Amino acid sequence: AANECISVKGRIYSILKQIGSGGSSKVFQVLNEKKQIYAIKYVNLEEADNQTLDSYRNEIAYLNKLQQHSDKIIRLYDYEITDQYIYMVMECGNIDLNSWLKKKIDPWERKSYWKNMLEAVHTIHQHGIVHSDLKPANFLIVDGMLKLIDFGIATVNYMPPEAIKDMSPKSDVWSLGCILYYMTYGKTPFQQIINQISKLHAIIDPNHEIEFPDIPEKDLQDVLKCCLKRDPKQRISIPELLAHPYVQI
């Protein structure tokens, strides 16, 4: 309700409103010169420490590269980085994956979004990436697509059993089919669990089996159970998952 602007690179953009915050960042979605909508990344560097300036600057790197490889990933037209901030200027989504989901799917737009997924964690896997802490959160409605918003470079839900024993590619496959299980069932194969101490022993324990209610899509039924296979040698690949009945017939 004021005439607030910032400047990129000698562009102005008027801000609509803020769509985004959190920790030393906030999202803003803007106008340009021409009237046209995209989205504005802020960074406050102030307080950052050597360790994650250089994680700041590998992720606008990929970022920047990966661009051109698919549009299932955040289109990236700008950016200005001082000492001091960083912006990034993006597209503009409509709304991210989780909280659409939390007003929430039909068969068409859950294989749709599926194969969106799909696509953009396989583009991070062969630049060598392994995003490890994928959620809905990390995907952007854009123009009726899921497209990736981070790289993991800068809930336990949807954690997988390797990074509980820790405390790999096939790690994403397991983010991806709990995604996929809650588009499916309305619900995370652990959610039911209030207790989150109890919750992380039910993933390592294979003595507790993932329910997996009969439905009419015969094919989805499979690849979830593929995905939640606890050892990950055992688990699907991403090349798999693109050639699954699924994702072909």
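Residue numbers count along the first chain shown, from 1. Each form is matched to the other, and the largest set of C-alpha atoms that superpose within 1.5 Å is called the rigid core. First, how it differs from the form deposited in another entry.
Just a single entry of 54, 217, 211, 33 exceeds or equals a 2 Å CA shift between these two forms, which is 33 (rigid core superposed).
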Second form
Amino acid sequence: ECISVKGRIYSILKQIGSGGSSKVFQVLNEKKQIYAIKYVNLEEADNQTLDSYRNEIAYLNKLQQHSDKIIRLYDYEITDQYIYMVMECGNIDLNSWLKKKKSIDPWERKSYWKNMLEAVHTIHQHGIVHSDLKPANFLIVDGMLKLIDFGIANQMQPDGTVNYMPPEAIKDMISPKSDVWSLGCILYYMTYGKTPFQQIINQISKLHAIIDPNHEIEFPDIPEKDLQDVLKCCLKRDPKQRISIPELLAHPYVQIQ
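What would the structure be for the form deposited in another entry, given that what you showed me was the form deposited in one PDB entry?
Only a single chain is listed, so you will not see partners or other molecules.
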């Protein structure tokens, strides 16, 4: 403690997560209000790294107005030495919140989906495919879920999963559909209290089972029938037959009643 951004001044409560060359702190301002300041040290970074940071602020900045399911950015500061991002602070990141709760209320799981849908929808409209969606990328604030990063800059962890990795990702060694899958696996996890491949732990065989057509996934018949359809359409292995976000936003699960 403590941090100084564009004239304003903040004291550091906790360290939420770490990069990267980056650190996220939960942060208190003068008026006892809570915030999230991400700090990037730019001393040990090449032009490829630097430019991905500049691209991140640009897009976070740009997308402010287009959806209230993108983490708010209040102000920022960039020099040749450092970057600070003053953002809204979340209650709990979806990952840890899914770990804590045993069963999820349906009306609450549908609301988080609409929310996950709107966010991802928004980035796609500005030509961004996350490519690496995980519940760690989402956050709860004032009822809603909110996307926090864009897969543009290097991912951070709390202070290395592949459950959600799409089949076409690993098969190629650029498609909106890749996000649809990962959103599916998240919805799956919220539905069947597990990711679809949680059973396996050996990577070389897990990454192999994601892509394996012979490896059939379970969809235990559940009350909400719309929901069972979304998961199926979402977790098709073939990108071109997998449901799209616009389709997914027109689906009876999100639309009926």
